[PDB]
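The chain contents come next:
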Amino acid sequence: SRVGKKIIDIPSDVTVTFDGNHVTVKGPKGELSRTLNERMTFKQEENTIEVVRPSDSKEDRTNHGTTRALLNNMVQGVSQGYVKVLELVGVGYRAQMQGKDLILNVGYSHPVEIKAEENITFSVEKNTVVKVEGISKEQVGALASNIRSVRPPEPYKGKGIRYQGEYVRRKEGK
Amino acid sequence: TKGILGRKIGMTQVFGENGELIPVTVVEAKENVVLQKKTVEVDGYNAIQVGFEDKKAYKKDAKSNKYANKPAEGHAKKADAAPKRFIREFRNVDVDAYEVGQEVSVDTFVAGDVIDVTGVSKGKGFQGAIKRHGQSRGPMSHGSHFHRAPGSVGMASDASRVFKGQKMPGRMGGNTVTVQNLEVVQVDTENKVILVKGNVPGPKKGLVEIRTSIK
Amino acid sequence: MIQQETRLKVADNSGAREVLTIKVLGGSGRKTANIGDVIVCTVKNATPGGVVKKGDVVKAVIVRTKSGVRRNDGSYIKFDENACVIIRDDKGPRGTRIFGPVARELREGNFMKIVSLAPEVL
Amino acid sequence: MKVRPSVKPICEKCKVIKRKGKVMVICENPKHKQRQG
RNA sequence: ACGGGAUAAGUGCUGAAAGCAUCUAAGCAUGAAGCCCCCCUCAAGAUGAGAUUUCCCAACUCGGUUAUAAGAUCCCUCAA
RNA sequence: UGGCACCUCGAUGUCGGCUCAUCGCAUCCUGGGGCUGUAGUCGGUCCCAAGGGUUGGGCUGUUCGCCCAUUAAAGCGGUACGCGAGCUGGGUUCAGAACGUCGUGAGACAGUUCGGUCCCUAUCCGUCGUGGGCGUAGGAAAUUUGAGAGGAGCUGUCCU
RNA sequence: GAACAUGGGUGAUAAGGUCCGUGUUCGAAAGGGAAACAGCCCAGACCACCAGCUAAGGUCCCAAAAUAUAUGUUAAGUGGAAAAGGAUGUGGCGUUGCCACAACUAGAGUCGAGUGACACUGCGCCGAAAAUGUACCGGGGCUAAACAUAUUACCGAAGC
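Chains as they are written, first to last, in the working numbering: chain L, 17 to 190; chain H, -7 to 207; chain E, 7 to 128; chain W, 9 to 45.
Possibly wrong hints are sitting among the right ones.
Pairs of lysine-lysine residues, derived as BS3-like cross-links and limited to a Cα-Cα distance of at most 30 angstroms, are as follows [said to hold, decoys possible]:
1) H:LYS30 - H:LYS116
2) L:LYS21 - W:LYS26
3) W:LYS26 - L:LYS22
4) H:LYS30 - H:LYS207
5) L:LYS74 - W:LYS26
6) W:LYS41 - L:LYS190
7) H:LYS(-6) - H:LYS48
8) L:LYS187 - W:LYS23
9) W:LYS39 - W:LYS26
10) W:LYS10 - L:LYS100
11) W:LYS30 - L:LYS173
12) W:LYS21 - L:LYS74
13) W:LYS10 - L:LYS187
14) L:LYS131 - H:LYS207
15) E:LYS72 - E:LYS59
16) E:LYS84 - H:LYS189
17) W:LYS10 - L:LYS190
18) L:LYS173 - W:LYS26
19) W:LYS30 - L:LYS187
20) W:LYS16 - L:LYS153
21) H:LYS22 - H:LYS159
Everything labelled a hint here was simulated from the structure, so no lab data went into it.
Please model the complete structure; the sequences and the hints are all you need to start from.
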């Protein structure tokens, strides 16, 4: 209805085995993660899980585009592994790492500390900037976002730390 | 965590920092013995019993509270000690130590340690409304007939009754009150007395239990 | 204890002789005030000559009151009258001379320019 | 944001989708944006 | 004036109706002097009458009447 | 501000102020925000938020209202326009008088101004304290677990 | 004289307002249903009974009788309280047309599978703020124990 027969590959460093209501990606690319993907009728025949569960229910066409994607993002981000860059707008971010605890600064009398979790790699080629990695964008994402929003960048005059690139609403006054 | 029982004696003052004046309360904690303890297996919680002043004998022709009775005497013979007068429980201390039958101390608290005092109040009996509470009185001139008395005690037809707790005249009396953030200026081991910086509730020669600032 | 509607004897050379406190600035609910406090009053009696005239609203810091002032050593000190010095909204005297002694509580209230002209400082 | 009952896709860049109770709109500019009131 | 457990307006992530995109259709971390907990006082008439240590124990004959025991009071000298 | 005349005329008896409260949100202060014609301090409109706060005087009787000086702020309301078997009696609102307009006159107008008695020993529910009796499968003394219930909650400046 | 339903005047196509006209009930009427409710629905008590069949309204528990059957409709607790509007809500009714329409872009070429204005709808959604305490399903609670139909069975009055 939205995306019905979009049966794509599962060429992995891994495999998929289905017993429960879920998957699990064991591969040298990413070792052994999964949530519960779908309580739908899930198959995995010779390489992939593209299982024609939902049809004729209004809920079914968002269930498709959600749960083929629970499986899909999990298998891929646990296979592929892909986090992009972040920005360095201003002078004087102190970018570093301490294991799973980085640092920046914004212009606070006191640099307040933030610490993170594992299974999302703490990746630092960063001297006034941010550019990290990991495995699952569900778990690198909300942290790629806690780091987005420390001192919401000057929507007038430039200072801040943010994402890979857009425009910001740049405002003027007296 | 430093638990003991004392008895308010009086009040005075002493000098410490350079030439500062600090008022203190003389507390007298004498013979203190630990009684039966409570475990989480038998009782159900961690707590230790402690007595205070001792009495005389028991099972005789006594009629006052100066002498003990068979029940108390028998329960005081299990800890191999004499019958106590005041008994309290401390479930905020450690039950791993404090061997049953062994006594406590008086130098357990070091000068500069924060403690908490607990005890009953003095007592005034039947009081008024401007004395028991912080209510104000009416005018005494300009032909007024309203002085030390309460005002309205409800609305009109809105509610045909009085709400619970309307602060009406009663008996002040003395309820158990506790004071927190109290420091110890000095600790004598000769007369077994403790000096607390401040004032504790209760009258002269009254029971007073001390603990440790839980914060 | 200087509350509202109180007459004090200014100990300066500005041109005033007696003032009447109108309000004790310091917070919402404040009633009285002791040595080392700022109050707003008005001139009720002045002298021919000076900068302050009768019927003017100025600020002043009460200094040496009839009530005692307990210290930290346990000592007290009370005078035989209630005086005050007119300031210029900058912790500074409007005059240049001061009559009578003063307390040593103005030093903690950042008033080193008022404790440099007073003859004695008890 | 703005709040009035008569939300719609306002300019020639703002277009609508149903949320929980709001049928508010998403687009490129914060001078045309609304949530039901 | 603290420390937790949730949350509301917002904020992004997973991820859709309607293939691209929404914080919702399933989940997600955030998230306020609000709400539970923590501090203090009263609390088994909580007829759902709880728990722990110690003390006390009968002749009749079990119609129970007579009774004593641990303990409680009456009476007296008093005030925290 | 009104319209209707359904309860009360073998009586539902009084406007402000004093004393003591309790509830609301359509938010004055504090708090969390998107958005500003928001750089910053500041401030304007909107959204969420009801826990606790929310000053002393001068002037006519004023429920109004202007002014003085403060404060983190001096919000708007409902509760017989809360509360007189809890208080005052200034304002209304009774018998005495004076002035003004109106009436042939007795008077009226409420237009002003001066003086004028505020009764009751708490039976029932409700609330604030404090006892006696019996109950809990033996009786008694002392220390206790906490299902519940109440109390608390505000905010300023300086060294940095 | 009063309410209810209709036909008008008057007032503001305001009022449990007020005045006429045609009916029924109350007045002078008990009994059953509408949670409680003179005027609304069903029905008119001569007396006895531990007999039977029905009316309005009903059949998970309080509380008599189906956790009945077949078919659709509804994801809000709608049911179990308002309007102009607003909209990528919808099950049914007709279109219109590319064999492109989701990622193309002028402010041109592809790949693989549904797109929409308009018209009548049926059920929903937002619009929706008040003062002692949940606070109009009567309460516990319900995704059928809700709504629209069909057929049945049984319960139900002082009616027969």
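Quick rundown of the hints versus the structure:
Between H:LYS30 and H:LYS116, the direct Cα distance comes to roughly 38 angstroms. Violation of the 30 angstroms bound is thereby established for this hinted pair. At roughly 26 angstroms between alpha-carbon atoms, L:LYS21 and W:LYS26 fall within 30 angstroms of each other, so this suggested pair holds. Note on W:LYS26 and L:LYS22: the hinted pairing holds, with a Cα-Cα distance of about 26 angstroms set against a maximum of 30 angstroms. Annotation: proposed proximity of H:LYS30 to H:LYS207 holds, straight-line Cα distance about 25 angstroms (limit 30 angstroms).
For a cut-off of 30 angstroms, the pair hint linking L:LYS74 to W:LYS26 stands: about 14 angstroms separates their Cα positions. Taken as a hint, the W:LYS41 and L:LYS190 pair is honoured in the structure, with Cα atoms around 26 angstroms apart against an allowance of 30 angstroms. For the proposed pair H:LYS(-6) and H:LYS48, the alpha carbon gap of about 29 angstroms is at most 30 angstroms, so the pair holds. For the proposed pair L:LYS187 and W:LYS23, the alpha carbon gap of about 25 angstroms is at most 30 angstroms, so the pair holds.
Straight-line distance between C-alpha atoms of W:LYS39 and W:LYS26 comes to about 20 angstroms, which keeps the hinted pair within the 30 angstroms bound. For the proposed pair W:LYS10 and L:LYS100, the alpha carbon gap of about 34 angstroms is over 30 angstroms, so the pair is violated. A C-alpha spacing of about 34 angstroms is found between W:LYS30 and L:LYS173, which places the hinted pair above 30 angstroms, so the restraint is violated. With a CA separation close to 28 angstroms, the supplied pair W:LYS21 and L:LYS74 stays within the 30 angstroms bound.
Between W:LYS10 and L:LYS187 the CA atoms are separated by roughly 20 angstroms; this keeps the pair inside 30 angstroms, and the hint holds. Distance check on the hinted pair: L:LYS131 and H:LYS207 sit about 28 angstroms apart at the alpha-carbon level, within 30 angstroms; holds. Among the hinted pairs, E:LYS72 with E:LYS59 is consistent with the structure: their alpha-carbon atoms are about 27 angstroms apart, no more than 30 angstroms. Taken as a hint, the E:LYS84 and H:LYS189 pair is honoured in the structure, with Cα atoms around 28 angstroms apart against an allowance of 30 angstroms.
The hinted pair formed by W:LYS10 and L:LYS190 meets the criterion: a straight-line CA distance of about 26 angstroms does not exceed 30 angstroms. For the hint pairing L:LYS173 with W:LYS26, the CA-to-CA distance comes to about 35 angstroms; that exceeds 30 angstroms, so the pair is violated. Restraint check: the Cα-Cα separation between W:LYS30 and L:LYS187 comes to about 29 angstroms, which is no more than 30 angstroms; the hinted pair holds. A threshold of 30 angstroms between alpha carbons decides the hint, and for W:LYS16 with L:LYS153 the separation of about 34 angstroms lies outside it, so the pair is violated.
For the given pair, H:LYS22 sits about 42 angstroms from H:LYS159 by alpha-carbon distance, which is inconsistent with the 30 angstroms threshold.
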